[PDB]
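Student: Chain by chain, the residues:
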Amino acid sequence: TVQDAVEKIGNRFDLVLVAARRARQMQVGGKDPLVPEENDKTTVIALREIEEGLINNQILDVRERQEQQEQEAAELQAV
Amino acid sequence: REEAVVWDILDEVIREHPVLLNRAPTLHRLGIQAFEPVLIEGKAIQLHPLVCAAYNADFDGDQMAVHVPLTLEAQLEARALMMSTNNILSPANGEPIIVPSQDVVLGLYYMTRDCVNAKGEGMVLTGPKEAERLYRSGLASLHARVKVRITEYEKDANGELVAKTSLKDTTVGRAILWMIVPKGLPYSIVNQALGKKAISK
Amino acid sequence: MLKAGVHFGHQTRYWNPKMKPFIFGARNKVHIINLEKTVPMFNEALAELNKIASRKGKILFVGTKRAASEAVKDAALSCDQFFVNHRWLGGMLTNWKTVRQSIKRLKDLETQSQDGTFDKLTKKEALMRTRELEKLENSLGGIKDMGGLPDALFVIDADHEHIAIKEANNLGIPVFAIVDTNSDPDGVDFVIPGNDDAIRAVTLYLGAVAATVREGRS
Amino acid sequence: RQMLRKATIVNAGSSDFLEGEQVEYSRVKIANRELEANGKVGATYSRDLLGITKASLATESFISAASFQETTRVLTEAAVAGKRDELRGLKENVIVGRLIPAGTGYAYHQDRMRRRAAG
Amino acid sequence: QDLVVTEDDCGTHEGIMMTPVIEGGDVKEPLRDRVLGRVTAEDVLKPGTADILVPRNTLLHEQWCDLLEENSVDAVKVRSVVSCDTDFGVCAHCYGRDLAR
Amino acid sequence: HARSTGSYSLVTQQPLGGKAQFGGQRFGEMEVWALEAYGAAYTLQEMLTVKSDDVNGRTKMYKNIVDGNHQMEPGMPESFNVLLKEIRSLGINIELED
Amino acid sequence: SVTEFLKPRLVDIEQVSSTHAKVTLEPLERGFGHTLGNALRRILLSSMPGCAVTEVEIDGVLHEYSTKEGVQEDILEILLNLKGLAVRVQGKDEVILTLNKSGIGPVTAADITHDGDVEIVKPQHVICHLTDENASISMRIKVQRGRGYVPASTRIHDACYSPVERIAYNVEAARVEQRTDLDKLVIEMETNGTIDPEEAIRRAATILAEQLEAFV
Amino acid sequence: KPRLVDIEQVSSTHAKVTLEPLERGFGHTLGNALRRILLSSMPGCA
Amino acid sequence: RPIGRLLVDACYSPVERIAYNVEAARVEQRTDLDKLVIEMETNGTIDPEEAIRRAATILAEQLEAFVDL
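Residue numbers (PDB author numbering), protein chains in the order written: chain A, 5 to 83; chain B, 403 to 603; chain C, 8 to 225; chain D, 1258 to 1376; chain E, 805 to 905; chain F, 1244 to 1341; chain G, 4 to 160, 174 to 232; chain H, 10 to 55; chain I, 166 to 234.
Mixed in with the good hints, there may be bad ones.
[To be verified] Derived EDC-like pairs (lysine to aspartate or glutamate); straight-line CA-CA distance at most 16 Å:
| id | chain 1 | residue 1 | chain 2 | residue 2 |
| --- | --- | --- | --- | --- |
| 1 | I | 200 | I | 188 |
| 2 | I | 200 | H | 15 |
| 3 | A | 45 | B | 460 |
Please keep in mind that the hints were generated in silico from the structure rather than gathered at the bench.
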């Protein structure tokens, strides 16, 4: 059931959009899952991370802007 | 060509991906609903008994169209919004949509029934021993008039589980049906009388 | 006065006329690598790695040299990336197409011991098959996780891993190598004039690499 | 609420004596006139209890009206009047082929609407 | 069709008075079924004290508390979609509490 | 009957009827209200654009599933473009502004 | 061979605490789900060798529809708690214990006299509660060895010799490579009479094998 | 354990086999299990 | 290729009908003992004594794995 995820993100419609945003990060091949997987797809794995309380609309914006600075540091510094 | 390896890959492909089922007369939003597609050796599609009440589709040559949810967004939408587990309560009324209809209601009322005297008379029991004794032999299914220790519980005053067990008077069928109740609620008292109006409540 | 005080100099008068603007000044047999001309390189290179690491790319640390093999994984494997601490096969960057084929029998070879599928065939057979792992899991065991050419290659000594760098500049895969006095830096697009040897030089920088890469992707 | 949409004007000032108009336009005009320019502009009105079929007929979008109502009557009247669509409704978005402003699409439609102010 | 839920809550505090139907004979529809899943604007409960909250959602627990604490309170005010402050669509509070979960 | 992709009609780029050339199994106007009531915009968008109407959208969507990228590039349905052409033929001057 | 059937390979059990458990047997032939499961259900409930309380003699009152001075729980309620008490006898067939205790507070099972052959698995098992001031009790409790459930009505001149409290098997279909229907037997079992679930199910199947040996 | 004997052979097709000594719960159990085996799993030729 | 070889639905089951009946009995020193009488009807291709013995052997092979786990 998705009720545990609704308790964290109260809107319900945003839970679909935020999970769909988190799904394409793992599905396309960018990031790896934080929570240990049990042979589940990106749709279910994304929802598991909402219930535990790691990923949300706020953290994704902070994490994405962090990676922009990290990638720029990789190009500049050789070692 | 349809090789043996195709069905192995097909099971993994349809592991965590919902399929939007729908009836012919889609009046309400409850008609069009998603569910986890399981494999089955047969042409006819298997639809749940509780889901049949909301959709209103009696098994008498009634078709049900499927729909594979493509993309990442629709899979999350069907699993969250349009799922069977999520859509429990009705849209119009506050009461539960997915409930016991005909077969489930008759079976519960058949078990929870006070027969005249019957086998057993008034033999007391701990709790689980009553269900084992009634199921095996000697004691009847209905029985009626047989006190037993029921581990009651109720999350009162906003602070975890509360209350304790007590030797409440009940039927043999009511003692077996009490195990189905999940921690809280009434416990023992709710199982008595019948399951016509109180079953849905 | 910082940690950069371990790779002062190396490789005697053999040198290489090309590697000059990076020579502090020859003294006592061998010359020295002007660290002041190394400070910018110290990060400029790392900056790109840090930048590219954020793009969730790939990094292959090449160090077939003994004094760098066993001591390279902790910086690549542990940091979860790519490395080749052994005989760099011929084409693992250009003819990858046919090379990857070897990786398969390696992976499926692993699964053999995984389950009871290892107790198959004569006890002798398993032995003849297990040897393949020794070679495979060694020459490729640390690259198997590469489902496609990388996006940047960081090689230790620019001399030994010669062929390695070659194929690279032929595929368009940037190369960050820590050359040396007798090294040919013309093949490195990101030179790091440092002691190609020195048990400490290798470790420090090598580990320092994965450092920026580690959190490169934030 | 959908039935009692239209409302006839009583007082004179902003509105045209006794012209038929929605409650949304009258409430916005009354609130704007109450504290900005002058109190005399904010004219009073009375709500008209319109039917389901009557209220459904009155609509801004041409594409939405063509789907529900008759095609011949809607298209002929809209062509002569020369009314541009620019519909933000659910019915118009479904026929046009886009994310309708409801549920998931409401977040995208609200964000897209904010971009239209500057560019 | 085009109508939908917009904004957090309305500025105004208007609402229709909810009572049992009392259709000729005996209670054809109780107060509990009428008010359940509907918000209150204010409604001064009891004989001058507090009892009920200002802009609180009347849940099953809130309805049970009101039913237990003085059953004599027949009438009670509540917001609706008809008397909404917002022009475009309707408020989340003013609508009610009708949902699946 | 079941069908992934196959035949398409000439007038309005849409799939065939049903149980002959291609297994359609029509969605209908009533089912759109059920999707709109539940609030599934992306599920409703793909049904009446990506995997039905759009020729360019269907070709782009097919490659995405095979590669394992998912997502959708809907664009214009084409059935709406026919309505512009049919309206154009009957004296009315309809055109997409901006 | 053609006549030889495909045997089951369990190697999968779900233990939820000491008492409760859920054992499973995945590959089973057509008609072998309900078969075996229903037979084992008949064996587990009826024939499960153990030890439990049969006869009790109390010092205060001679009969079972009365109340003891200083105890809130009635004699009928105490008799039900005595059934739940786990008892295991090594050498002796029958043994008579004594409940020597007094004082303000609850009666733990650890209060009971610890004899040579006698063993108790749960010393926290609640029997009765003693009220304020003084009050005292000294009852001689008898234990008997048997096969199955023997009630008090059958005793002319309520025993539970079964360690199992509740038994429930569930049959769902399963796939096996190039197959359609193989039953998946999941035996849910609840115990209290000092026996492990793996030990109980093994002993139950052994009884059926001894019976079938003469037939085969 | 039971002793298998007393074969009341009616015809070539039909028969009535008996197992006399059985425990209180051993009548239904083995009989019902054997009924499930005999109907489902029965080697033959056709 | 044998087109002449017309196929038939195979039926490899000797039993036509089965019926067990449990009746009480009083043997040399006993209290309460059931008498299992298994009535069996066959096609006539296998003996009743041979069929019941083979049926019990199948259950023993299935029960053999359940002991050691």
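Student: Holds or violated: are the alpha carbons of residue 200/I and residue 188/I at most 16 Å from each other?
Tutor: holds (5 Å)
Student: Between residue 45/A and residue 460/B, is the straight-line Cα distance small enough, at 16 Å or below?
Tutor: violated (34 Å)
Student: Hey, residue 200/I versus residue 15/H, does the alpha-carbon distance stay inside 16 Å?
Tutor: OK: residue 200/I and residue 15/H at ~12 Å, within 16 Å.
Checked against the numbered hints above, the structure breaks only hint 3 and satisfies the rest.
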